[PDB]
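Left out: one protein chain. Kept in place: all the others.
When the chains are written out, they are named A and B in that same order, and each has its own residue count from 1.
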Amino acid sequence: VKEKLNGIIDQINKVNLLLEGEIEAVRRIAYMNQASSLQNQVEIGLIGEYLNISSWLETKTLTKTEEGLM
Amino acid sequence: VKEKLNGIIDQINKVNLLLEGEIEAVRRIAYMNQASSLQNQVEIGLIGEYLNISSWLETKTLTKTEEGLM
Partner (left out) sequence: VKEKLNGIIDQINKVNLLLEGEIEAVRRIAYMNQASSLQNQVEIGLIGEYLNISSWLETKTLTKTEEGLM
């Protein structure tokens, strides 16, 4: 009785710990990716300004991207 | 008896809700990152075409990236 319930509680704790650990690992990556994609957007944006093509590059960019996303 | 099992069921529900909530939050970010990285790839691609260096920029890009990834 007591040991079946204690066995069950232990599996609940293992599931909680294992999955929370995987999630935290995936979170760390996703936060890193968010920062990299912001950095890349900034840098691309600067190059666009340097070349003085910002406005047309942007419209072409937004429509092709929306097309790629469907 | 009934209350030990009910206590257990309640912890299973809390684990389910909490983790599902974290996952959904991480999912939202990852989908945002996917859209940003597509947009950035498009824009970089357009700049490459504007500068008329697309083919050589691409080969240099793919090999350095594969190297960075090992």
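Following the convention adopted for this analysis, a residue touches a chain if its C-beta (ideal position, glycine included) is under 8 Å from a C-beta of that chain, and two chains touch if they have at least 3 such contacts.
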Just the residue numbers, please: which parts of subunit B touch the chain that's not shown? 5, 8-9, 12, 15-16, 19-20, 23, 26-27, 30-31, 33-34, 37-38, 40-41, 44, 47-48, 51, 53, 57, 60-62, 64-65, 68-69
Mind pulling the subunit A residues that touch the left-out chain? 4-5, 8, 11-12, 15, 19, 22-23, 26, 29-30, 32-33, 35-40, 42-44, 46-47, 50-51
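Here is the rule we use: only the chains that are shown with their structure count from here on.
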Calculate how many whole Å lie between the centre of subunit A and the centre of subunit B, each centre taken as the average of the chain's C-alpha atoms. 4
